[PDB]
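The data below hold one chain only, encoded as structure tokens and taken in the form deposited without the ligand.
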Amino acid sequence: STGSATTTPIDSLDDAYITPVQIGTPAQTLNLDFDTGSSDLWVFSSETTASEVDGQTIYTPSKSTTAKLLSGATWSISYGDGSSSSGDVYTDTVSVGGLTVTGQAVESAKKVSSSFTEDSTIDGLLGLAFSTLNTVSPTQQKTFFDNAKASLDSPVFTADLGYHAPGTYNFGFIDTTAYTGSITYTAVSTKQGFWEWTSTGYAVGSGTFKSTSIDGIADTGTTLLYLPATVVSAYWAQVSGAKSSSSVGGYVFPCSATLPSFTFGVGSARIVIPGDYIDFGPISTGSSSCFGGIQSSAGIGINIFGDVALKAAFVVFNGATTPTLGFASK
């Protein structure tokens, strides 16, 4: 089997992407944030504290003839941005782009933090990291991909995120029309539960490539590219007037700037992030200070190849017995 679903930016900055997901019988379609940096499929629901729901579409398990309470199971998650959610668990039928999993754990939120409430466009998350990170207790649950894997034509999914445009998540096949040139595959460590890999270096604009190993995670659920402070300083040094602002929370730059590209290495291959992908616009409405899309990972504890990086590539998440990651230009 295979599946193919379009993913759509939630706003004009590509702050996140939502993908429609069918849950239950009859189908309830919710728009979920597919997150290769976590492993829980959770939704706003009829159980979510009413004051914490503001515009989201909810899953109502009592209206699904295939929903079953997973008795005694609870979940609770905290994300790198400080947001969180928790609740109980149902199993139900879940379909993405025509690919159906029966008995998927659907984690129903009883509580969500303010950032979730305040984002009316995201109805929940669909985790695509390794199932070892799943937070359900006392019986850990599998991700949608893990459950689907054996049925797929090939044990893979691909992320093809757009810049200021829709893109595609495919399951079970590689669309050879969706990228240019060849796909370069690189080793993955699953030791921390992430799609963790090592970039071979970087370049700023038309500058020379610096060969250096940068361990990080491919994370569709993180907006920006978070890299070591040395790398990030070298990038922003090429932008007149750019500076790190403790008050704003990262590097800012004059909105009048033209940003240089940023290149990262995948083996001997190179992925080029155009300068415009690195512009996250005014820090506040009407400001002439703009927020940068490349930020320091110092104090996160891990480097993160988030959407800024991934949307410059066609990315293969290869879930074979020994997982790997592939990157192609597009």
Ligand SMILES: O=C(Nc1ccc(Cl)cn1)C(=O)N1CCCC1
Contents of the next structure:
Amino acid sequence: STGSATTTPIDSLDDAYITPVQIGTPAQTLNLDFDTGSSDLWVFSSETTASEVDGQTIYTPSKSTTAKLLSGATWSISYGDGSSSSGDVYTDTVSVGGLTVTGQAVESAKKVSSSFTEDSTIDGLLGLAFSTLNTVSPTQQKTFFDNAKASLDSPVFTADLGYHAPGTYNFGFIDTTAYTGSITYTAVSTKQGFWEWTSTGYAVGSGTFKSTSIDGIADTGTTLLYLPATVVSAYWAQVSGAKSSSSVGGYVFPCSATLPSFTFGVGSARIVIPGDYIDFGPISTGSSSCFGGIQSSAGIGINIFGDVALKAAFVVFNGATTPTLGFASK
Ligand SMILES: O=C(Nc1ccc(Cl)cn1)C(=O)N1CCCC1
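Alright, leaving the form deposited without the ligand aside, put up the form solved in complex with the ligand.
Then the entire complex follows, led off by the chain already shown.
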């Protein structure tokens, strides 16, 4: 089997991407944030505290003839941005782009933090990291991809995120028309439960390439590119008027400035992030200060190749016995 679904930016800045997912019988379609940095499929639901729901579409398990309570199961998760959610668990039928998993753990939110409430466009998350990170207790549950894997034509999924435009998640096949050149594959460590890999270096604009190992994670659920402070300083030093603002919480720049591209290495191959991808607009309405899309990972404890980086590439998440990551230009 295979599946193929369109993923759409939630706003004009590509702050996140939502993908429609069918849950239950008859189908309840929710727009979920596909997150290769986590491993829980959780949804706004009829069980979510009423005051914490504000425009989201909810899953109502009592209206699904295939829903079954996973008795005694609870879940609770926190994300890198300080957001969180928790609740209980049902198993149900879940379909993505024509690909169906029966008995998928669907984690129903009883509580969500304010950032989730305040984002009306995201109805939940669909985690695509390794199932070892899944938070369900007492019995850890498998991700949608892990459940589908054995049925798939090939044990892979791909992320093809758009810049200010829709893109595609495919399951079970590699669309050879979706990228240019070749796909370069690179080793993955699953020891932290992430799609963790090592970039071979970087360049800023037309500058020479710096060969240096940068260990990080391929994370579709993180908006920006977070790299070591040295690398980030070297980037913004090439932007007239750019500065790191502690009050804003990162690098900002006057949008009268022209942003250079940023290149990162995948083995001997190179992915070029165009400068425009690094502009996240005014820090507040009407401000002449813009927020940068490349920021320091210092104090995160890990480098994160988030959407800013991934949307410059066609990315293969290869779930073979020894997982690997593939990157192509597009
Ligand atoms: O928290 C996240 N990323 C993130 C955000 C900020 C920083 Cl410094 C680091 N990481 C994240 O992956 N998600 C997915 C759902 C909404 C939040």
